[PDB]
Amino acid sequence: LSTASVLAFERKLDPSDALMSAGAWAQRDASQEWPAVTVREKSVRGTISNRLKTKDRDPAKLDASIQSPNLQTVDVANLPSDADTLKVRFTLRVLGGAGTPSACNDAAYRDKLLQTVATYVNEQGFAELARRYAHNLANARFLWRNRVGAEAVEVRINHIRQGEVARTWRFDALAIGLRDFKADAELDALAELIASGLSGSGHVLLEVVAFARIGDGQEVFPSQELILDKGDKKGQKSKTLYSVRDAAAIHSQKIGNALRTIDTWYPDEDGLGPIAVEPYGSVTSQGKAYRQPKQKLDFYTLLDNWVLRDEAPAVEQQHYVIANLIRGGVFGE
Amino acid sequence: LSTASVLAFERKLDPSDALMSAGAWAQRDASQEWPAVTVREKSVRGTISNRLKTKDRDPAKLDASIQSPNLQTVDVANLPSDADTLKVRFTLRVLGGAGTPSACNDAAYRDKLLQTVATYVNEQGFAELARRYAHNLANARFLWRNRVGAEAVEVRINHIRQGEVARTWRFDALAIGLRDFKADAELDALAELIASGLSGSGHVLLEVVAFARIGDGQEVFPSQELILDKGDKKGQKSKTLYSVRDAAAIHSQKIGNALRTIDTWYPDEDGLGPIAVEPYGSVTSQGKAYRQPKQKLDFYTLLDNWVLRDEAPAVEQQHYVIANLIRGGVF
Amino acid sequence: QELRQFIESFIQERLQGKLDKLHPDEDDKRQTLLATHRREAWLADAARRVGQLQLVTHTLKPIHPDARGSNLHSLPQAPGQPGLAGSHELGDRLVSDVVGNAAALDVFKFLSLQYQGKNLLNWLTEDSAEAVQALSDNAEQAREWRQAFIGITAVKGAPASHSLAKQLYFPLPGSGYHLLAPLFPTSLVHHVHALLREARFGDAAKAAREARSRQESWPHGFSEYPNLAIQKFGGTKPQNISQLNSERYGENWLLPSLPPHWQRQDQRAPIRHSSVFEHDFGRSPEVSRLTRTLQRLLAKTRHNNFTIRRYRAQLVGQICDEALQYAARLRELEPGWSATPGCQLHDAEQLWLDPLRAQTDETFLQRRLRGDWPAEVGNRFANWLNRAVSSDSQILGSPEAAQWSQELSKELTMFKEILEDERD
Amino acid sequence: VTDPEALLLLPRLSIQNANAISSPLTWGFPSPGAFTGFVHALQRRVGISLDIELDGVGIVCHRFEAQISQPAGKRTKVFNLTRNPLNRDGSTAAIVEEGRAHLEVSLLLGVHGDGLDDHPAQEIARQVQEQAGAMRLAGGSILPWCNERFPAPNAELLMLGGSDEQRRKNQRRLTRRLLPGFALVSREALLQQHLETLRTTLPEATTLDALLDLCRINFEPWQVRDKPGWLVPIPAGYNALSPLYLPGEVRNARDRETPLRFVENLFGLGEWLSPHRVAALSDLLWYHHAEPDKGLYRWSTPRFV
Amino acid sequence: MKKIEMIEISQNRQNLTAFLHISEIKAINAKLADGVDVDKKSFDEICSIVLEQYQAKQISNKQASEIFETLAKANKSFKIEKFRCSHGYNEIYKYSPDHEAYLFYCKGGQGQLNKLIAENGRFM
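Protein chains in written order, with the entry's author numbering: chain G, 6 to 338; chain H, 6 to 336; chain A, 11 to 434; chain B, 3 to 223, 239 to 322; chain J, 1 to 124.
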């Protein structure tokens, strides 16, 4: 038995575009009429600060390249001067039916894949993964750089049943950690709801609203976009930001990465913070690859060592394999 | 007599494109003014998560290949942040005169084909095939990935005669199963309407609306496009969605393929569910093909051994052959 | 004598190419075969190459990639009425793309050099002056060479179509039909494709780009073709017909024949004060390009009058037609026309781009809701005609300017009579 | 070629997934031969029972959107395809490229038979309008009316009955509902005289066609030449390159009752002129006439000016 | 360790000078043959002479495995491949240096990738 030539999973954790508006703290309860954070367009003048490679490191060439500046016109997003908190709103829906592929070639492979996933689920359900996803929702990690230096973050997680809010959660995102996954008495209801959503029982759609008290008229950081900067004029757009209908926003997959930053089982060091569940678990910031395929601890090795050869991994790595199935993609070729 | 060397059947029951708009679940009845969901561009950056090769995964080489992530500009269709449900509207006309070939080379084979089809119509009426099409109109399979994860999918289909609503309906697409075909009184009335349309009188006409309470600003999925030459420059685009008049729409053949998944008589499986009616029935998602000419259960040998040698097949395979004639083809 | 005194180097080209892939035993066998079939037996190899594949001048392979039928290369000559152009008269540049069963490209490339200045490329069908002495062998080798060289234009004989080969029905006037099976005009398509290639980019193309950009100016017949689409034949493996070469990967591109407004939609004059309140605006992007074209060569000369008799009034007619088309396109998909904030001037001057009847109309609503005439439209059209063409105090010294002024007045009166019936 | 007694107007007609390509050298609007064949098929379906004839068409093109894309900084276009079902295996082997288009056309048909002689006026138009909604006009389906503002305005306008000022008022009333369109008419005489204009070197018709529809830029020894109109190349009928055959002779014909011919397209000229710029609407009807002696099978519009 | 792997390690890495620390050359000059001493030599020259001494059979296979793995671990600088395909997703991205990232190029598997590699070259 080999892996199927096609095998593809949908994503079972779908957030929207986290769109951001601005306002004043302590009036954040009546905060459905707040004005959006519009993306303005300012002009910067940069100077040379990159490393010279000892070819232009001459006394006259550097003095001739200092006098010719680098004029650019960048997008920017800021709170207004009368607003000192940033409200970032999105809706996350948890689909469920995790280990069922969406397009599988072989039947003898997918039947035993469903058997291994079902053996995992009835052996130990999605409660660990839902606990870690509820921690990445309660600890407001989806404010990526709108969280550093913030004074007080506060997250409101509703539970929109049929339009009517059935259940409410209010977390202080800086009280609970960003590293240690400790259990809380209130967070376990949200983890139970996400576990019920992933296990199939019911339709789970949450509305996540994060208020980060930045400061009066400070800078917020929405998602940034791709530019094909072939040639630049006097001043040409060198940085543009995301905006859904003239209102700044974070991309749906950047506030999805900060939801599945649950991987703390990687072999390098479990004390250097969790990383994102990816095959050959990687971070482009650190520029390295945890779970190297020279080791036997990546996703694409443990998968066909669990399904084909029936070598069940450690209990803390089955969580990683099932979380990578929840993330999605096409596996196997 | 021999088989006609030019055989072809026109497509009956052709739908329009399935245009998408968005609005709240409370105002789903006053929904002729709902704003369309535009497609937008957004850039995505990713690392390598593909199953890379069993040789070129060196320790330093993977860390060197991970420092440069791959970038693209995909298209997305999202509901606006106030709208809660997606409305998918199309117009399905059922033409009628199913077994009449558009082109037939032989004349005696044409007469024998018409006699065989009229024999089938006289013996057992279209209620089974029209029920299996009324199921795909009833449970909203025609929203393919916009269906899963919605908490309320309901269709409103109204048959119109000459520009006025002649008969209306209302179903609950989540209550009706996607797996088993189990009848209901309104489904049989709609199947009688579709079967009367499929007889040789003339076209019957339905407007099909489907409201799916997908979520408050979530992602909706219209059909994509084949380009086959994305361009030779820097700024290509990987995923491009389909639009008619700046409204994101589902392709007409996508809706037709969702209407045609009626046959559950293919021999290889018994628990997968229905696949689309196709000669050598081949699911494009799976990538394999049931009803191969290794067995004697394709469409071509079925039609040949039914009309020529008068070897009448099983009732399920006769249902499959007449559903393949309803679908249309070129042989 | 293009059989031994001229075809010797053509035959030895193969015996020289057979020395590049030289092996111990297989290379000697290939050299022995090339010596047996290239010293005097070129007629036998030409017969084998002629038997290998057919010669097509219009092949119906490109209409369905798995359609195996008859593809005849006959002359499409149609000497009839003087309004039709096709592949009926090529004469020179009629490249016969032989793509029937091409498994060996060296079949047709055996006698492709003795026709450039010789009498053997035309003697390869009949009148064999060198047909018997070119092979230099007995009647068997010369007969095989003749039967192979006749196979470059020897059709299958039995006509045959396919079920995927586009057979249509043409109705005669009071008679039975005629079934027509069109084939793909491969020679004409590659003729027009060579025209488009040598007009779009090449040697004189780049020089003409330099003569357009810089101070150097050489006007000649160079052009840019806009909006041409690409239709690919074969796709990944273009072996439908020959002439689908390494940069011609089925890449037959198609001339633009789109509608008059075959682009997207756009406008700037909606029901508002900035859009419809401007009682004399007269603007558009396509109408702006037409106005720039009509105002560039805006003179009335004596030697240019023989073309400016129509090329000057044609621009004014196109401007009036574009204005009428914009006025028709504006008030068709915008039902909002009533009292509202910022809709004051959109009721009197907006008598053209005006909505339907309202919900709270009065008894005499034929003046305050919708006046039954384009009352402010005629003065606006007169002002637009006065602003689009800068008429001076000496613009009627001859009848050239005054005739255009009379034509503008007549067109304004006609547009007024047309717009008067708009409110009814 | 006979002038009709009545111009039966077929209304705003949305047709989807049409044939965009329609010719080996054009890609834009579909062929007018599709329109004449559509009217002949509609005649074969309804006119024999309605005791009428149907000959011509008015091709107006209210809107037209092609299924194309401009790939990544290029001056050309490519065509959007459709994914086909698999073979016996999972190959996705053959991908033949054919274009699609959605066009809102509105035809006007020339009637010859017993329209008002033995039948009413509104009922014949209602029957032909509800008959043309169950067929396809260019290779794609004719979408019906399910949206708001229910028109059904099949204007069965009589032409030869009435005074002259009433007839001109009827023409300018029917032209009111051709409001954003553009009628397509052949200009064979224009291509002929434009061929005689540049016959100084070689008077090829395929060269006068391929050097008129473009924008020929030519400076001053710095301009582009004055655009004479909206000139398009169109397919203007077929031209045979093989003699006539017998019904059962040629292998794999569409039917064994009519003879077969192997033909080749003819490329004529066309213009998209506004419907106000014609005298009468019956001047712009497309008829297809054939000369089976030679190989010409040509559709065109007589009396086009 | 395989043999074409050593050829690709010779082919792909950047050409560096004075990258060999004292322990590596101390092992190497006594480890390799008596022909060439490799002091301040480029990576391509060392790898070419070691692959030639592996071709003309004088030195064994395990020694070549150890010294080619030593040349692998001593170098951390890689050339850019200009073309990276996503395998299951059936895509091909192309390196653009001003973005320092792999922008999208074309839909295609491994055969289209090898076609583009044969056309444009395998490296930047």
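A portion of the hints provided could be inaccurate.
As the list claims (entries may be wrong) - Label-pair ranges, simulated between beta-carbon atoms:
#, chain 1, residue 1, chain 2, residue 2, range
1, B, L213, A, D213, 37 to 45 Å
2, G, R250, B, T84, 52 to 60 Å
3, H, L119, A, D76, 55 to 63 Å
4, A, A168, H, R166, 48 to 56 Å
5, G, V288, J, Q63, 37 to 45 Å
6, J, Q63, A, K119, 53 to 61 Å
7, G, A180, H, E46, 47 to 55 Å
8, B, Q240, A, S256, 34 to 42 Å
9, H, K299, A, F16, 56 to 64 Å
10, A, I405, B, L204, 41 to 49 Å
11, B, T199, A, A168, 40 to 48 Å
12, G, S70, H, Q72, 25 to 33 Å
13, B, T199, A, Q143, 49 to 57 Å
As the list claims (entries may be wrong) - Below, simulated DSS-like cross-link-like pairs (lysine-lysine); rule was C-alpha separation at most 30 Å, straight line:
#, chain 1, residue 1, chain 2, residue 2
14, G, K242, J, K82
15, H, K242, G, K58
16, G, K239, B, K76
17, G, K235, H, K58
18, J, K76, H, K47
19, H, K58, G, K244
20, A, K216, G, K235
21, H, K239, A, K247
22, J, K107, A, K28
23, J, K115, G, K301
24, G, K242, H, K293
25, H, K239, J, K40
26, J, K40, H, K244
27, H, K242, J, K31
28, H, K17, G, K293
29, B, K76, G, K244
30, H, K60, J, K107
31, H, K301, H, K58
32, H, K242, B, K311
33, A, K119, J, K107
34, G, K58, J, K40
35, H, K58, G, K117
36, G, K238, H, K60
37, G, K47, G, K301
Read the hints as simulated data drawn from the structure, not as lab findings.
C-beta atoms are modelled at their ideal positions from N, C-alpha and C, and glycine is treated no differently.
Status of each hint after checking the structure:
Distance hint for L213(B) and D213(A): a CB-CB separation of about 19 Å, inconsistent with the stated range 37 to 45 Å. A beta carbon spacing of about 32 Å between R250(G) and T84(B) contradicts the range 52 to 60 Å that was offered as a hint. Here the CB-CB span from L119(H) to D76(A) is close to 29 Å, at odds with the stated 55 to 63 Å. The hinted range of 48 to 56 Å is satisfied by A168(A) and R166(H), whose Cβ atoms lie roughly 53 Å apart.
A hinted range of 37 to 45 Å for the beta carbons of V288(G) and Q63(J) is consistent with their spacing of about 38 Å. At roughly 54 Å, the beta-carbon separation of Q63(J) and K119(A) lies within the given 53 to 61 Å, and the hint holds. Distance hint for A180(G) and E46(H): a CB-CB separation of about 39 Å, inconsistent with the stated range 47 to 55 Å. Distance hint check: the CB atoms of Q240(B) and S256(A) are about 39 Å apart, consistent with the given range 34 to 42 Å.
In this structure the hint that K299(H) and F16(A) lie 56 to 64 Å apart at CB holds, the actual value being about 59 Å. Evaluation of the 41 to 49 Å hint for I405(A) and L204(B) yields a pass: the beta carbon distance comes to about 44 Å. At roughly 46 Å, the beta carbons of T199(B) and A168(A) sit within the given window of 40 to 48 Å. With their beta carbons about 27 Å apart, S70(G) and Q72(H) fall inside the hinted range of 25 to 33 Å.
Restraint check, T199(B) to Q143(A): a C-beta distance of roughly 52 Å satisfies the suggested window 49 to 57 Å. Between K242(G) and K82(J) the alpha-carbon distance is near 26 Å, which keeps this suggested pair within the 30 Å criterion. As the CA atoms of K242(H) and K58(G) are separated by approximately 35 Å, the hinted pair breaks the 30 Å bound. For a cut-off of 30 Å, the pair hint linking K239(G) to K76(B) stands: about 26 Å separates their Cα positions.
For the proposed pair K235(G) and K58(H), the alpha carbon gap of about 33 Å is over 30 Å, so the pair is violated. Between the alpha carbons of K76(J) and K47(H) the distance comes to roughly 35 Å, so the proposed pair goes past 30 Å and is violated. Restraint check: the Cα-Cα separation between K58(H) and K244(G) comes to about 36 Å, which exceeds 30 Å; the hinted pair is violated. Note on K216(A) and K235(G): the hinted pairing holds, with a Cα-Cα distance of about 23 Å set against a maximum of 30 Å.
A threshold of 30 Å between alpha carbons decides the hint, and for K239(H) with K247(A) the separation of about 26 Å falls inside it, so the pair holds. For the hint linking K107(J) to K28(A), the alpha-carbon distance of about 40 Å lies beyond 30 Å, and the restraint is violated. For the proposed pair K115(J) and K301(G), the alpha carbon gap of about 33 Å is over 30 Å, so the pair is violated. Between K242(G) and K293(H), the direct Cα distance comes to roughly 49 Å. Violation of the 30 Å bound is thereby established for this hinted pair.
Taking the CA atoms of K239(H) and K40(J), the gap is near 40 Å; set against the 30 Å cutoff, the hint is violated. Note on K40(J) and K244(H): the hinted pairing is violated, with a Cα-Cα distance of about 50 Å set against a maximum of 30 Å. The straight-line distance between the Cα atoms of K242(H) and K31(J) is roughly 53 Å, outside the 30 Å bound, and the hint therefore fails. Pair hint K17(H) plus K293(G) does not hold up; C-alpha atoms about 57 Å apart against a cutoff of 30 Å.
For a cut-off of 30 Å, the pair hint linking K76(B) to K244(G) stands: about 25 Å separates their Cα positions. Of the pairs offered as hints, the one joining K60(H) and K107(J) holds, with about 23 Å between alpha carbons and a cut-off of 30 Å not exceeded. Restraint check for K301(H) and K58(H): the C-alpha separation of about 41 Å exceeds 30 Å, so the hint is violated. Proposed proximity of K242(H) and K311(B) is contradicted: the alpha carbons are some 51 Å apart, above 30 Å.
Between the alpha carbons of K119(A) and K107(J) the distance comes to roughly 37 Å, so the proposed pair goes past 30 Å and is violated. A threshold of 30 Å between alpha carbons decides the hint, and for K58(G) with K40(J) the separation of about 21 Å falls inside it, so the pair holds. For the given pair, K58(H) sits about 25 Å from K117(G) by alpha-carbon distance, which is consistent with the 30 Å threshold. A distance of roughly 46 Å separates the Cα atoms of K238(G) and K60(H); the hinted pair therefore is violated under the 30 Å criterion.
Of the supplied pair hints, the one linking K47(G) and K301(G) is violated, its CA atoms being roughly 50 Å apart against a limit of 30 Å.
In the structure shown, a violation is registered for the earlier hints numbered 1, 2, 3, 7, 15, 17, 18, 19, 22, 23, 24, 25, 26, 27, 28, 31, 32, 33, 36, 37, in ascending order.
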